[PDB]
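All protein chains of the complex are present and in place, except for one that has been dropped.
Chain IDs A, B and C follow the sequence of writing; residue 1 opens each chain.
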Amino acid sequence: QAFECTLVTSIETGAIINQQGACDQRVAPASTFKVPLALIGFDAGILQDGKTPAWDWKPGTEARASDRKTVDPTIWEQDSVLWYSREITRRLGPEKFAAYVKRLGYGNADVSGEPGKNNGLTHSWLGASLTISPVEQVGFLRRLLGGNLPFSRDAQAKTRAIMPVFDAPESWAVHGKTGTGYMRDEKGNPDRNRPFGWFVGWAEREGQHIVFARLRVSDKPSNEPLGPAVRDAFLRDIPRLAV
Amino acid sequence: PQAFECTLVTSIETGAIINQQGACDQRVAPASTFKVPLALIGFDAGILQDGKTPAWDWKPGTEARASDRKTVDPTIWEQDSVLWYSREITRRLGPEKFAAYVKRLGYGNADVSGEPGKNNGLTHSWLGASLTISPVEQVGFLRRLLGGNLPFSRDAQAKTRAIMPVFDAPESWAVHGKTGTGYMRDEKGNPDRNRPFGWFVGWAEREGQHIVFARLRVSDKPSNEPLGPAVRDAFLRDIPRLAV
Amino acid sequence: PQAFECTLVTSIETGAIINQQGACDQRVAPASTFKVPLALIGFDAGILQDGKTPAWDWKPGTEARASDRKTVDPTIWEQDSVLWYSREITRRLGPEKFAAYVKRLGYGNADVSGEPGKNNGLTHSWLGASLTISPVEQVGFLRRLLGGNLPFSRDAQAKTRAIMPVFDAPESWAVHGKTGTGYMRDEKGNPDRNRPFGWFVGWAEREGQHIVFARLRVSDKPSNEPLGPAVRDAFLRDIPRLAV
Partner (left out) sequence: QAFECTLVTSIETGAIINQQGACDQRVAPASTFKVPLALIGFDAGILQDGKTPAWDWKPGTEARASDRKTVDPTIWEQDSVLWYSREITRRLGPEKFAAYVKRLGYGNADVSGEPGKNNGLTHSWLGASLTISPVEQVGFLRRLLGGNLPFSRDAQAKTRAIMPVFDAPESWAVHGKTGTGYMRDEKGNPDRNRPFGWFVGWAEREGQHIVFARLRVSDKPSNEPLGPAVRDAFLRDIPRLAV
């Protein structure tokens, strides 16, 4: 159980450009969920623009030691700061959060979490219940770029605006979000020996517009976060993959 | 008690024990976890300046591993083995300074005189010749190092922490740890390749949460793999659950 | 301002200007510094393969100086004059491929339609018939070429860089540059042999240090020698000073 899936699709044509692997295995989105959660936050009025609201880290909430303590939506997409996402879902509540996710048609749309643990608002996108496949990531991103999601066009445009931007060889302008996670073991604990990494988003060059998702599931531990390593490998591969 | 494993995890913010398996008071040679206090001694004594200085070169007379015959700075010294770099620090210190520094630290039994009749205190004391330390004493030393509370300059303590190898772990943890490997001494001061042991000691941090740990595994069967790396990989896998 | 000189030098590692003399936005014909983008277009279109392929022969019906009536490959083509080799590349492209390639490059004004009524877009556009570019636009194009950041395959960009002429300079610099020579157009689109101009554009590299440059001299007196080689030799002499 260790693989890598890559799906590259033309937005204009809709046709497959490049597909490696079956691309239908569902795993937790990890922090690629910051893209649909940003859309939900902007639509609900919790998030306002790229700089509003700026929240301060509170003791007792989870964040990396390298994370910045004052976070706005733009920095939220760059750092880990799991508490920022958890504050958004807390302000939504269980019922608004579940209905929002069902309106998105995002993966299995299961944010109830683990049964008997009441962790749907804090862990569902980390491995507690919510899963999504590379083909469904692409399906969601295509709908986001076409303005077709049942969310306000203002919230959709702001979601695209805080997406991290990267430069790829051969003049490809890439907008993408990384995600790092770990498969659960028997007891339901994160397994450091089974990391997985996402890189999803879209890219443009001249007239061409593409949308992609790369997923790599490993069965050996990684010293670095796997998400950034998957992204770097994909940024190097994207000029060859898009021809 | 021929074969055992001990784990001690302590919270910096509260001072309380988070998790303890075993008695954790069995004293054993530090065996290259000693690079943590030796780095502190080096920075304080002026022998070391920063993570890139001094960069010493291996010389043909000095015995070393094949991969250790190169230029080495304090950062590389902590990442790889490079035993000769450690021995160059103690050679510059001398026996009197080295004994006074370790005694001032209260590090284990603070005995770096080596084996009597062999004059190997500067070269083998932390490898099994005299110096021993327990997991609870290692956590005690690490706890004061993190707070800048050892009787040394805060600058030297900060530089020691900065060259510690870093590892990523689930649930936003970042682990700064040093491994160690060796063999238990026999009935009369000699290695016993049937009783290997492994260390992994250090600290781990999230935002507003710091913990200090020491893991010691002593076996009664030989092992192909060095025990240090195996102990580290298992602790990094366990630390998300041992921390809550 | 009929006569002037402009020099722009930019750092790749930082993206910042190192040295600028003059405004550097005056557009003139590239005049065989266009061999750099035309080589890129040639490699990308499959017309050119590598530094030695294809080797085309001059044929008796073709305009050329005495020294250019021989076998020519891309390496020789960038080293020597050989205007007919450039004309053979654009003939194989055709007007619509040539115009789209230059527009895809964003090279200067991207106008290769030539002088209206003369149908010389494929033969004279980069020699003063339509296509113009400024020193800042030369540096911008060369900066992207050096990083493989033009909208072409990294292979074609690498082969374009490999056939650039190389010159050595003091302080361990190696300069990869292309010269250019021509005359300014007059009031009604005709050569003004009293206003010669010279280019020297390219990049220079030391270990871990890359810079991109363009120097353009426009005169108002007829020159003894072609101006390209004179601008080059002066720039090669100046580059150690301008780079620090």
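Going forward, a contact is a pair of C-beta atoms (placed from the backbone, for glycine too) under 8 Å apart; a residue touches a chain by one contact, two chains touch by 3 or more.
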Neighbouring shown chains of the undisplayed chain, as defined at the top: B, C
Residue in contact with the excluded chain [from C:96, C:168 or C:187]: C:168
In chain B, positions touching the absent partner: 57-60, 69-71
Missing-partner contacts on chain C, residue numbers: 167-172, 174, 205-208, 233, 236-237, 240-241
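By our rule, only the chains that are shown with their structure count from here on.
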Geometric centre distance via CA averages, chain C-chain B, whole Å: 61
